[PDB]
Structures are given as structure tokens and as C-alpha cells.
Amino acid sequence: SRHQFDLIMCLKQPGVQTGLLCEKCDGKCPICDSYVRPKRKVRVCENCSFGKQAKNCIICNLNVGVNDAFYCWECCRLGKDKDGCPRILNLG
Amino acid sequence: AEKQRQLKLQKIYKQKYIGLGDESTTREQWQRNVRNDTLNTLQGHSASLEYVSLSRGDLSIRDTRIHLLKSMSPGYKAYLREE
Amino acid sequence: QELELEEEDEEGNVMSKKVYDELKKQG
Amino acid sequence: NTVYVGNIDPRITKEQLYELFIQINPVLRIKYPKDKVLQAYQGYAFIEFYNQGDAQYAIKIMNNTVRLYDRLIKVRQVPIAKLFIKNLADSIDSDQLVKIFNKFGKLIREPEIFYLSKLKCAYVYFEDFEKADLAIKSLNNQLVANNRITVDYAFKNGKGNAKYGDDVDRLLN
Amino acid sequence: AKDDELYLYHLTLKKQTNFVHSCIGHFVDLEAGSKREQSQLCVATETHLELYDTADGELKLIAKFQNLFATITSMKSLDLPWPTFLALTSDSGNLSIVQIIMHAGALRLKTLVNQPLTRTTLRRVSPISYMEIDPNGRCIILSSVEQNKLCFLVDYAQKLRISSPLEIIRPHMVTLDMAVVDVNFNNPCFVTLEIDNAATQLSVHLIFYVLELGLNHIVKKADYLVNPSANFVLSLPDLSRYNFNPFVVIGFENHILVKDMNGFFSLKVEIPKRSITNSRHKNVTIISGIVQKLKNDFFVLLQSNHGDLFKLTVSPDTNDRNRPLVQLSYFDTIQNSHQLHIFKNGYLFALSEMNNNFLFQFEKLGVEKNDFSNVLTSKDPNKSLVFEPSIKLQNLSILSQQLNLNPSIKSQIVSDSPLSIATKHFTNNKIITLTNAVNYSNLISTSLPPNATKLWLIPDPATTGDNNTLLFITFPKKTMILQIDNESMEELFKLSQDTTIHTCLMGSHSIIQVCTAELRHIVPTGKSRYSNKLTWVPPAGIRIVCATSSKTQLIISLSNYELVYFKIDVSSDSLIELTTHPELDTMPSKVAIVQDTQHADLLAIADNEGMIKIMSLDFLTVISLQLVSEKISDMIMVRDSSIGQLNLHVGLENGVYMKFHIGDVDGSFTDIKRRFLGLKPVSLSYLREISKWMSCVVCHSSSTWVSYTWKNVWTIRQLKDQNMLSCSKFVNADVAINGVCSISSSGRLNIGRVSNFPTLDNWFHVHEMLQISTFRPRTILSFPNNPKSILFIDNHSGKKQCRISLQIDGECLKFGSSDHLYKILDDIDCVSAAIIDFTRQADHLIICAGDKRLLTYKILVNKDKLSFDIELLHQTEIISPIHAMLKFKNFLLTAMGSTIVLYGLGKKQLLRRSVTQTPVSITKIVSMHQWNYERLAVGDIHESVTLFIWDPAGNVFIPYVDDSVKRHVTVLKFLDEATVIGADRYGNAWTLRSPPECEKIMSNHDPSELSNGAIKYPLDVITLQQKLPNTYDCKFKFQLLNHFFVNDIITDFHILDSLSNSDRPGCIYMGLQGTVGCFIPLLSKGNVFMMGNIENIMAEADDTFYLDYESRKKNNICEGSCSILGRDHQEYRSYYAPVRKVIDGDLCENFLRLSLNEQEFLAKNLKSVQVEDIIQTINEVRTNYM
RNA sequence: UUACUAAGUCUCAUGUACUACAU
RNA sequence: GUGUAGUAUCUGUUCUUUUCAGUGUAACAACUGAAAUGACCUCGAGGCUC
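Chains as they are written, first to last, in the entry's author numbering: chain S, 2 to 93; chain Z, 2 to 84; chain T, 478, 503 to 528; chain R, 9 to 86, 106 to 144, 147 to 185, 187 to 203; chain P, 53 to 133, 144 to 305, 323 to 571, 581 to 705, 711 to 784, 814 to 890, 918 to 1265, 1292 to 1361.
Incorrect hints may have been included.
Claimed, not checked - Keeping only pairs whose Cα atoms sit at most 25 Å apart, straight-line, the calculated DSS-like set for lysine-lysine is:
1. R:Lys189 with R:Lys166
2. P:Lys1165 with R:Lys39
3. P:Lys172 with S:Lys42
4. P:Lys1262 with S:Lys42
5. P:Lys372 with P:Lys448
6. P:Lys1176 with R:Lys42
7. R:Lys22 with P:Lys1176
As the list claims (entries may be wrong) - Cβ-Cβ distance ranges computed for the label pairs, FRET-style:
8. P:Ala1312 with Z:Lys78: 29 to 39 Å
9. Z:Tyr18 with P:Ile1292: 43 to 53 Å
10. P:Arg223 with S:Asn68: 21 to 31 Å
11. R:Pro106 with T:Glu509: 53 to 63 Å
12. P:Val1069 with Z:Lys78: 20 to 30 Å
13. P:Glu1126 with T:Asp510: 49 to 59 Å
14. T:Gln527 with P:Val1069: 47 to 57 Å
15. R:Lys44 with P:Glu1126: 41 to 51 Å
16. P:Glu1026 with R:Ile69: 56 to 66 Å
17. P:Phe987 with T:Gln527: 20 to 30 Å
18. R:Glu56 with T:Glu509: 45 to 55 Å
Stated by the list, open to error - Calculated from the model, a selection of chain P residues having no Cβ within reach of chain S, i.e. all distances over 12 Å:
19. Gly155
20. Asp1013
21. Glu1083
22. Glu1259
These aren't lab readings, by the way, just hints derived from the structure by calculation.
Ideal placement from N, C-alpha and C gives every residue a C-beta, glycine not left out.
Sequences and hints are given; from them, build the entire structure.
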């Protein structure tokens, strides 16, 4: 993540699925963790969804998220939107 | 830890986007990336492809496109030499 | 550490500026 | 190009110098030092013009002209053969040395008399490596004033190398 | 201080014509309640997109879709087991599957799912540029030129569903020519040619992939190494009758192969060759293969680089065994075509990458497989067949052609006022003038006696239900009357001794003629006779100022005091007058009323003071006032049929034209729409056309301006004819639609037909068996002294050869007394050419041969023997190729590779007058341009523009400014002294400006002091000289002024002081791939403030829709909905370098097509004016600025 | 008229802030 | 107004085996290995010295 360093990402070709984030993490752009003017919903590779792990918050990787994560307009222009599958594999 | 992550992201970005100069990169390795991307865009835009077709004067345009594709590999020079 | 001043015989199109000035002083 | 200026009051500032000399010519640059031991101005500056024409012009018109803080402003514009000679006689005057080496070559400066060990030695400056070779050829291991003198190149190790003839030839040119 | 900050308004007038992609699906069902037919095609060029249908055997524009603002790098239709919607891949990596839908009253393109892939740019890793879809539509596959390949498994449901991508990554294998093999539902299988990126030797190896629906991944199957000479792959459908084992056709250069998946069968069949093999002869190749199967007969069509179209069929070879054979033959060929399709109908659509797309229906189908003569077999792989091409065109029959200029090399701007663009045709080699003006035919004109004024046309009442129609002319002293019938135009009571202010038909079979002194009420009697039932005076004996009328209704205004109101009695023919005084309180200027209906409310009255009033027809009242400028010259009131809006078209003296929305009930004057056209008091007239029926008003001035209103838009326009004195709609039994009778300003009657109208989509008309010219055009030239005389220069493909074809005025010229209209130059090839006049009375032409020789010519115009006579003068050897040259004063200003030579005129050959050595940076000079002979801007291949100044008595050009960055400049011009236009090889359109620090120095100093002498530079500049000598060597730098990205490659810039008399001078450019667009400097500020706000709206508008659609889902449409593609505007248009001051109007134009709900949804983000005024400002640019 | 550059490492002391942790 | 552990930053101070070779360095630095003993000449420098 932008702040916590040891957090590792996925970075695969995103699928059709949309990543979920919990109400606790709601509002953060999964890359920069910004609250401003979100744009496009996150898309994750199928390898990050499958079973129960699909329900996890793509940000904090623990809680079960209801909400969809959106990229901000700064990351959508920086292109990090399309970089790959954001997810946090290690808890940190 | 942080730099150590930058190493892994160096491996991933290098894998996806092919040539990315890390620290020490030979001029042969890097110039090859230059040639590959320049040709890539010359053939990639139908615009510049149409342009090189006429300025070169080839009989067909796909000759220029597949020419650039072939020109991406180094051995294509010797290949032309053997014609 | 090539200019051509056009003499009157129309062969001076190879002829240099300073050379044709010398032929001005000669003429 | 660049002119030295001196006898400046530390109260004279950079904008004041600029406004002063722009009246004379255009000023390309001004280096006006600021002391790191007095935290002010050390009272002399350097004004780089756009050419030595305006530089020399400002030297002529500006010198002994402007009066700043009652003090006058001053303006001023901003490699040879050497032979060591040993065992000289005590009766050998420097002017006598001049006379001796003039016949061989023109001297760029005067000889230097010094004592080693008791041992009278001198440095003789020639304008030409070849004339120095003449004074060497004729005067080496010779008896003057009933004393045997030795003439060779002075150390820098000693002069007279291969690059030395090459560059000294050029400095002659 | 005034900020320079040039604000340019980009418009695409004509949209990119080189069609790079096509798809065969059936998208929309239109005009038919229930119909399903596979015959239709959608074709895409990068940004621009079009949809054509045939169904008639003749191709048809359906709709030109909105600009996508991206680079479409592949497009393929998909058909799933339904409406067939096309899968579209472009930059941003997004796989965007779009369905063409009918929304509101137009066809709009809706997006379904866009999947993010790679990043936003044109890249090698980007899984685009190679795309194909399973012929059964089960899965779509994208790949990259090098790195990786992704294949989505597409599924349909109540909502479309794209399966997760299936990845295969081969690091060093560069992919080329994706070709997918059809399957029986067994398993999808695609085929590629992988060339290794990193290798010691060149190795091109085919590879097969079978995607396994069971294991859900792509599987490498057979890797077959073939010679490096490989070109392409095509898919052989089955071979089920002969002996899952797919077979592919690998086109090589000089021969063809076909290969098995299991490698059992590899068949080599040598491709035949032409008889002539003119000059340079390549091993050729086949550019495009395609497959077709019917009635157990499947043949494939593969075309060579020469355009030779071939077929293959498979034979079992019954003698040996049942095994495949491969049989080539010969067809009608064609010009080189990028891609080929075939309808379920026998129509074969040939999409040419060269110039024009054209459709066929094949009948002969080609030679039978039985003939051993002309057909080649796989029996003996080593063999050669020579064949002479056939221009007789037996096999294929052209049905429809599509006029397009894909390779527009150069052009000149002819007839500046009607923006006419003169440019060659690449293949056909015909002169193409594409014009902004309305296309106007002229037929059977007749010379009228001199000094004519106005014109009218009224149906002849004498013959009812008959073609006869009375045409009325007017002279100041006399009035002429004429009779109209089909092919019969004849001449004939009434009043011929006085001028006719007005005339009109009343009710049925009645006429009234209003003249200055008195009126006439005329009725038909018999055939050639007419009788006045009543005659009127004005007040009692004055000069009538003006007259207007309706169908049953009439108004005349006399000198001053009162106005006169007439009606006709129903059930009979009579005239009545009211007793009342409409004093009007002033002298009435001119009167206007709707003549379209029998009863027209709200008379429009004008006053000589310059004001306009409305008259309510309770009864009369003045509800509105207009104080406008100069006195009204003429005015007309017209209500259109479609929307029912009543528009008051008010022409003014001095040439200002105006238009007004008129409320029916209130009669208020709102929605002022003005224009300035020519210098002359304008005239107006009303006509009715189609293109749905339509109505326009013709405007007579120094130019002729048709003002017509399309749906929710209107554009005033110049007409192709120079001038028209008076104009009125005409009809003849000889087929007449849009037909018109008019008169030129010379006082000569003429008949004409208007055809094409400059809509938002077209904005032009293009004035131009199989036809291919061997000569490919090179450049285009025009004489400086003659305002427009355009000289063309072409080349030969073959032995070096040239032709020169000069045209001035209407059509070309003859050469001497010879029949030929062109000149042939043997052994002369033209790398670059320019015409020069060394003396004012002599005209010379300049060629630069590839032999590196400078050739001088002389042009002659015979003048009433008129012909062009070219004469070879001199011969001069040149060191460089001379890529660029131009006219300096009295001299030729040419650029060598390194250096700039200025040649004078010598005799027996031309001389070097001066030479200027370039700065070390410049390798070559692509193009260069001058400013008033004092200044130059010199371009490079690698580096950017550098400006020079000519110093007399120094006899040298001195560079005074560098450029900031490296830019590859194809074409370059001057707007001004201090600013420069330039384009890029890569498509950037930029404009640079010298800094004011430099402008002060050059304005305050002489150039002679720059090279040597005293010029006082601020301290910073010198410190940049010793600090950074490489960049600041030229001691100044261009601050970027305007930057823009147009995905085309700009061929020609031209700076026009006015576009169709418009005040703001524009710069118009033609691109190579073909396009013409403009940059309009915006006066004031709030122009660019409102434009900037509208562009900002439309930029993220797709995101605004996505956030609204998101919130409504929170309380209870993808992200790229409104843009249809993922590319942001600022991102796409930024691209190479960020756009600086240029606001892109091509975006704001898309706001016009959106539905009222969407538009009003977008404009709420502004505290500023309403959607209606938005559309006003948007449509203001094409009207007023050009 | 002086044409513009000095501290570093170690050692043993002084100057001053700070971070977890406990009453 | 305290104690436990720990950190950073000044300043003072001072120059570590004379050399060679390797690593290292942008060059340094730093690190890694070994070790001359004796005689003579001119003004710490120097030796086709033995």
C-alpha cells in the first residue's frame, strides 16, 4: 500500500469481477488510500475471488466487505487503475 | 523492506512491460528496447504506418507493417543480406 | 581549426564571387 | 573584458555599483565579494563587461573620476629555460654572469646566486632551449676566474626533457 | 499586460477516411418492423466510425457515429446463439463490446462491457492490434504484438457476461497475424506466427493454440518452424470430406504453404507471377486472405501486393488417396485491399487500404478446377505460371465505390472564400476539389438582356394541372414575363412599363402584381390571355415602398403614412380593403409575412431607422422592437414545417445577415443569430428542398449564402457558383429535385441544381470497370502571381518517370496543340518540386531528381489558344536530395541535407548566391517556411524547428531561436512573425512562439549585429550559454504556446485570413490519412471560458453518469457509457504532450447529439447559461467562425 | 588588489532534542 | 520535580603498519593479504645503485 510498506499486491490482469471493501475501509482508493472523487470500480483477477476470500476487503484483507472499491481520479490518470489486480495478500 | 518490495515490483513491471532499465543495462539490451518500441509505434498507428508505406514506396502497406515486425528481431538484417 | 557569381559568357556559373570581383577590377 | 575596481567603501552596494557603471558601458556581470569573517563588503569589486573595448573604455574614463563616500574609486585592468650552475668563483658578480651568458642567449630574468653545502651556485634563465644548449655545450666543465664551473639544467626532475623542447619551442613561437 | 496565450479551437471538418477495420454483423433493425438479415457492415478508422448497409446491392450510409476519441486498434463483430453487436478494442486496453442501438430519433452506439487491460497508450504489451472472435461467438481473443495473449470466454444472459481473461505469456516471442480457426463447438483454436525477439538468427515459427473449455486455459499444441520469409495465416474451415485436425494457409512471399495441425500434410504451391514484372519486382507476398464456403464448395481468396486476387479449392486426388490438394487460379484482381468480407448475399466487400472501399457481386466465380493450363496444383510443388493481368474485368463486377482519400499527400487551398481544397486522387489519379460550398449544378442557361434586378416564379393559372409555370423577371424600367414548360421555354398585357415590387398567386387561379405606382389584379382567361379585374392606387397616387403577401392574404406599404391590408374573398375571386389607418408612426422600410399558409399571423415590419416591429394579426399591435445596426436591406419571414418554429430572417445593409426565433403567441424577438457575409446589401429569397422535405433561404451578395436549418441545427453557407443575382425554386419534367431557376450577377438567366449540403457529418462535397492509374501523385503547386492556378506533379511506379498536369479555372489545360491534357517527363523523377518566378513576367518550374540533379523548366499559358507549354532550361547537380525548398525574394531558397543554399538565376545553369551552414544539431530539413522574406523557420527529421533571419550584406541566415524539445516536423508554417505552426510525424499539432525577451531584441536591433557585433543579452542568457551550450546554443527557446494531438499525420497547413468572409482568421490542415480540420483563435475570453467549461463537462460526463448510476444503486450502465471507450478526453488528446491552450471543439460537438434529458443533466453542473444557450455557443463556431 | 569555498573519519568530553517503557 | 532501556544531533579532540597486490570506489574512501636487512652519494626529495 501507499503507507504500509510490507503490504504486497497482486498485479494480474483484472477480470470482470469487482473487488469488495468493508464499511471500515469504505472510501479509500485501494492504491493511494484517497477519499476524493472516485472514478472506476476496482476489478480483480478470478484468482483473487473464488470462495470465501472473495468477500474479504481487498484493502484490509480481513473483514468481509459490502461496498465496491473505486479508483480515484488521480490514480485513473496515473494509470495505476489499469496496472493490475490490487489486493493485499500478506496481512502486514 | 520498502526497497525490497521495490525489487519485487521491479520483477513484475519488468515482466509485464518487458524492458525496464533497472540499474546496469547493456546498451545492446536497452537500444533493443528502443528499436522495438519505435517500430512498435510506427506499425501500431495506422497513421504512421500509412506514412512509412508511401515514403518508402512499397507495393503494399502490409509489406511495411510486417517489415517492421520482422525488423524487430536482430537477425533480420542478415536475413535481408541473404536475399 | 562555394558561391557562384555568373560571369558574362554564361560559363561563370562556376565562377567565385571574389574571382568575378577581380574580373570587375580587370574589366 | 573584466575590470578590477578598488578603494570602495563597504557601504557601496551592488545595485549602486551597477547603476554607477551602466552609466559608462553595459555591464555583463558584477562579482562584488561579501566577507564571511566581517559579514559585509571587503571594499573591492570586479565588473565584467561585454568586451575589452568597453572594458578599456571604462578603464580610461572611469579611473580617478567618481568620488564615493569621499574616497576615490580605482580601476585597474586584470615557462623559460633554467640552468643550474655549480662551483662558481667568489669573484663572480651577478652582472658578470649576465655578461657571460648574454653571448650565448638572451636572459629573460637575472641570475640567482645561492650557496649550498660554501658552494656558490646560480640559476640562469634563458629565453631559448637551444641557446641554453649553447651555453651548456661551451660552458660545461669550464674554468672561469680560475675555478671549474658546471653548467646543466636546473631541477623542476631536471629540465630539458623531450616534452620540454617541444613546449619551450612553442612558448618561443 | 495582455496575455498572448493563443486559444485555438480544433474542429474536424472531414473525418479520417482510411478504413482500418470492418465487421459483418447485423446491428440495427431500421425501417422494418421485423427483419433479420446478416447483410450489413460497420467500418472503423481509429477515432472515426461508420455503419453501412447494402440490401439493395448498393452501399448506403446508415449513420456516422459520434467521435470516440481514441485509437481503435482492432474491431471484430461477434455472433452469439440475437442482435449481432461488435466487439471493439482500442487504446486504454479496454475490451469494449458495443451494440449499435436506436435511441431517440437517431442511432447511437451503446457500450455493454469494457474490460480494463494493460494501460492507456499504444503499446507492445498492450493486448490489442491483434484480435479475433470465435466464428461461433463463444469466446473473444486479444493478443499483443510481443508479450502476451488474453482470451475471454463470452457468455450471454439477461445481461451480457464476460468471463475472466485466459492468459498466456511468452516473453521473447513477437506475435504477428492472429488468425482463428472455426470449430464445430469442439474447442476454440487460434493460430499465430511467432517471431523470436531475442535470437542470434531470424526465426519465424508458426504456433497453434487450442483453448480448452474443459480445463479453461489456452494450450500450445504444435510449434512448427517455417522459413523467416513467412507472412500470414488463414484458416481452412473443415476438410471434413477429405483427410479435430485444423489446416492453415501460410502465405509466404514467393509461394504459399498449407500446414496440418499434426504436421502430416504440408503442401507447397508456388504463387503465379505477372508477365510484365515492371522494374523493381519484389518476391511479393499475399496481403489478405479470406474464406468462403457454399454447397460443399469452399474457396478462399488471397491477394498479392500487386493486387492479384487468387482462389484456393481442395481436391481429394482420387487417384492416389483422399488427401487435400491446393489449387491457385486467377481472378479480376483489384487494387490492394486491407481486408475482404462476403455477405450471405453474393456481394464481396473489398476494403482497400489504398484509397476506396468498393463492393462486388461475383458471377463467373472464376475458372473451373478441371483446367490444368491456368490452374496450379500441389502435385508438383516446384513450378511457375506467368500470367498477363486482365483489365477486361470478367469475374468481378463493381457495384458501389466509396470516394475516400486515404493517402492525401499534398494539397493547395483554392478559392479561399468557399474553402475549396484541391488535392489529387492517389490511385485513380484524378483531380479532387473537395469544397465547403454547396454543390451546385448548372444546366441549360440562357442569356437575358442586361440590367436585371429580381426574379419570381408563380404557377401558371391559365393551364390548371399542367407543367406550365410563369417566370417573372424585373428591370428598373421594364418588366419581362416568360413561360415555362418541359423543354419548352417561351416568351410572351400586365405592366411592362414599370418595375415590379412584388407579385404572387392568390387562392386558386388568380394573380396579383404590385408595382411602384399602381397595383394589378390579374386572372387567367383562356390560354395566353389574362384580365385585370381591379387595379389599385397606393394612398391616392404615391410610390409604393414595399409589398409582401400570403397565400390568400396581402400587404402593401406605400411611401409613408399608412399600410394597406388585403384579403381574397372565399368561394370566389375578389379583393377587399379594410377601413383603418396602420400609421406605423414612421416610414415603413420593408414588409414580411409567411406565404406558406393562407393565413399568417404576426406581420414583420421594418423601419428605415434600423428597427423592426411585429404586428399582431386584438388585430394589429406592436409587441416587440429591434434596434439593429444599419438600415434593413431586405427581410423574409419563414415558418418551418418540422418543428413549426417561425423564424424571421432579417438581412441588413453592408452584408450583415441575421435570423430570429419568433414566438407564435407572444411574437417576442429572441434567439438572435447573426453573421457577416461579403460587403454588399444582401438579398433574400425562399426555396424548398429535401437534402425529408426541407426549406432554406438564399442570400445574394458578393457571395451567395444558402441559410438552411437541419434538425435542431442550421448552417449558413456559400454556394459553388461565384454569384447569383436572384434565386427561386424551379421544377421541370426533366427530373428536377432541389432544382432552381436563378440569374447570375452578369444579368444572365440560368438553371441549376443544388445537391450536397454541408452537414455536421460531411461539411464538404467531393468533386473528382476498375480504374487504376500507374502514375502515383507526388506534390501539388500553385503560382504566386496567378491567385489560383494549380500545377500537379506525379510519378511513375516503375522506371523513373513523371507527369505534370496544370489546371486553372474550371478544367485543366491542353498541352500545346496536342490532345493530351498532361505532360510526360521521361527519366525525371521528383523527390521535391517547387515553382518559382525569377522575373515578374517569367515563370519557371523546379524539380529535384533522385539522381541528385536540379532541373529547371518554364511554364507557358497560351491564352485563348490556352494551353500549358513546359520547356526545359538548365541542368544543375545537387549534393543533397533537397527535401524542402520555397520562394525567397527573386531567388530559390532550398535546403540541403545539412545546409541551406539560396540559388539565384544564372544562364546555362542556376548559381549558388549564398550558402548558410546549419547548427550542428540539424541533420536534415523536412520542411521550412518563410515570413515576408525576412525570417525563416527550418524543420528537421530528428530535431525541431529553428528560426533564421536573412541578413543582407551579411548574405547569411542567422539562427536566433532554438526549440524546446525534440519534435519530428513534417510540415510547418507561420501564423505571424513571432509564431510558428508545426505538425509531427507522430500526429502532434503544435504552435510555438518566440519569447518577448527575444522579440524586444530583434525589434530593437539589426540582424547584422547578431552574428558578430555588440548585442547586449541579459546575464541569464550567457550563463545558459556557458552552463548549457548544447541546448541554449541558439541563445533563445520557444515557450510552448499551443499543443494538440490529432491522430492523423498533418500534410498541409494553410493560414487563411478569412474562412468564407469570417472575421477570425483560421488555419486549416489536411492530414495524410486524410482529414481537414481547423484551429480558430478565440477572441475575448469568456468565449474560451464557456468553451472550456463545456469541454470540461463533456470530458468526465461518462463518469458523472456512472456516479449518478452508482448513487441510484445505493438507494436501490458501465463507466465508459457516454464515451463508449475508456479513454478520457484530456488523456487521449494529451497523449504525447499535454494540450496547452487548445480547447477541443470536436468534443463539445458531441454534446449536440445527446438527448435533452442527458444534456440538461450535464449542464446543471454550471451556474451559467441553460442548455439552449450552450447549443447556441457550440453551433456558433461553424456559422460565424467559417 | 585577497579574484570568492571550507568541515570530514577516530577518540574521549561537553551542548541539545528525542523515542519506547514505569510510577 | 522522577526511573528504566534506547535514539538522534552539535561541538571539542585526533590522526591510526612507511610500502606493495587484490577487492572496492565515478576516483577516492574503506576492506582483504604479505613485509627488509645492510651499505653509499647530493640538496624530507632523488638512485637504468649494489
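Verification of the supplied hints:
no.	hint	result
1	R:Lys189 with R:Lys166	holds (15 Å)
2	P:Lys1165 with R:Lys39	holds (18 Å)
3	P:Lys172 with S:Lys42	holds (19 Å)
4	P:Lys1262 with S:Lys42	holds (14 Å)
5	P:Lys372 with P:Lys448	holds (16 Å)
6	P:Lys1176 with R:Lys42	holds (24 Å)
7	R:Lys22 with P:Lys1176	holds (23 Å)
8	P:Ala1312 with Z:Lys78: 29 to 39 Å	holds (33 Å)
9	Z:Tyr18 with P:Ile1292: 43 to 53 Å	violated (32 Å)
10	P:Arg223 with S:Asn68: 21 to 31 Å	holds (22 Å)
11	R:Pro106 with T:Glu509: 53 to 63 Å	holds (58 Å)
12	P:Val1069 with Z:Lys78: 20 to 30 Å	holds (29 Å)
13	P:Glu1126 with T:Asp510: 49 to 59 Å	violated (42 Å)
14	T:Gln527 with P:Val1069: 47 to 57 Å	violated (40 Å)
15	R:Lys44 with P:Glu1126: 41 to 51 Å	holds (50 Å)
16	P:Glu1026 with R:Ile69: 56 to 66 Å	holds (58 Å)
17	P:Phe987 with T:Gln527: 20 to 30 Å	holds (28 Å)
18	R:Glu56 with T:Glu509: 45 to 55 Å	holds (53 Å)
19	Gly155	violated (6 Å)
20	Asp1013	holds (66 Å)
21	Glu1083	holds (44 Å)
22	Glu1259	violated (8 Å)
Of the numbered hints stated above, those contradicted by the structure are hints 9, 13, 14, 19, 22, listed in ascending order.
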